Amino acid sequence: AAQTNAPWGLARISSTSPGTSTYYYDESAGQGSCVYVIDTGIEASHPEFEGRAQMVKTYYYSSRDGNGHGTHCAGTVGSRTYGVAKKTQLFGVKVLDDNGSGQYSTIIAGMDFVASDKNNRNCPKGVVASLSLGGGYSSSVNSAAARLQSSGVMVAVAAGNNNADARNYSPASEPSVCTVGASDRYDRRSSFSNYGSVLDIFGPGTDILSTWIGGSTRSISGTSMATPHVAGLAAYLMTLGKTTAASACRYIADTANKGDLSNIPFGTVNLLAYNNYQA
């Protein structure tokens, strides 16, 4: 399948070259997979989600996304226009308040929630969790991410936006999950992207158009935007049967575009997520 005039990041993940605008992908489109977006919530009524999104958990007075961040990330995973995996099922877990903040204890609870809650959902092709959040190093936060991954969920986490070594941030620094840095449309490391040996992969993160609250759209930047590209890619590849939750991060690294990014610090992987789709 081909989506013309796609957001640059979708085009990038199906291309061996920057500078194109059509997204190419197998029509299975992540059908039968599920992606949990652990964030500020999801505006599930947005026409872009086509009834495939739902809130399953909140730790606050509402499950609605009063911020937009979680809706934007969910849109990059799986919205019809802005999403990588256009037929996946999206489940929202609101661990961040409407200012985008959350306590680590709440975030940990939300990760353990997903590890159990997947047993209440139908995801025959597999389960992914997208965590566009983080703060300073916490062994307890890393352990929660490691548990979620061990339970059979492909965990993708943002590297962080400090232009610093991600070893000092959590859950970015957890070795067993997939830690995602950000790139721009010219294949440069995004100016804010964290780096370091704990990163596994880069995805598009600068000037990413996606869904927003109020039934709207907007373009924003962050490792928060790169992470759902990788989460959606994992769901798509799991639906194709090419990999599993336990092996998807390694598979994505194996099949990435290699050595094509600029301003990658020595010791950080130079790998850009790629779907390897041949029409």
The other form holds:
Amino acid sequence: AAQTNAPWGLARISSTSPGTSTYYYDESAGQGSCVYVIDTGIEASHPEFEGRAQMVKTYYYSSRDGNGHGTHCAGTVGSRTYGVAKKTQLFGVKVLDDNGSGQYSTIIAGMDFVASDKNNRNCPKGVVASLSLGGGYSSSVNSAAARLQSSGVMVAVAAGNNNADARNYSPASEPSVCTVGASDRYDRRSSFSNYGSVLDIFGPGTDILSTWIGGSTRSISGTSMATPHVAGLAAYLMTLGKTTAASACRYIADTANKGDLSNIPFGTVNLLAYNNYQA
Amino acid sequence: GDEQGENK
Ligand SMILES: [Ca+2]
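Okay, that was the form deposited without its partner chain. Show me the form solved in complex with its partner chain next.
Full complex below, order starting with the chain above.
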């Protein structure tokens, strides 16, 4: 399948060169897989989700996404127009409030919830968790992310937006999960993106168009936008039977576009998420 | 935990 005039990020992950506008993908499109978006929630009613989205857990008075951040990331995972895996099932877990904030104990609870909840769901092709959040280093936050990954969920997490070494941030610094840096449309590391040896892979993160609350759309920037690209790609590749949850991150690095990115500090991987699609 | 909320 081909999506013409696609968002730049989608075109990029189906190409070996920047500057193209068509997203090429297999028509299976993540069907039979599930992605939990652990964030501010998801506006499940947005027409772009086609009824494939649902809220399963909230830690606040409402399950409603009153921010937009969660809806944006879920959109990049698997909305019709802006999504990598256009037929995946989306599950919303609201651990962040409508200001984009949450405490560590809640985020940990949300991760443990997903580890258990996936056992109640029909996800024959596998389970992915997308974590577009983080803060200062915490061993117990890192531990919860390791547990979720261990439980058989492919965990992808934002490197963070501090133009610093991601080793001082959590869950980004947990070696066992898939830590995602951001790139822009000219194959440069995003100016805000964290880096370092703990990074596994880069994804499109600058100027990413996706779903927003109120049934709208907008373009925003962040390693938060890069993460759902990788999480969506994992779901896609698991549906195609090319990899499993335990090995998806490694498989994504092995088959990545290598050496194409600029402004990568020495000691950071030069690897860009790539679907390796051939009609 | 303490990263993004609105800040550009
Ligand atoms: Ca890792």
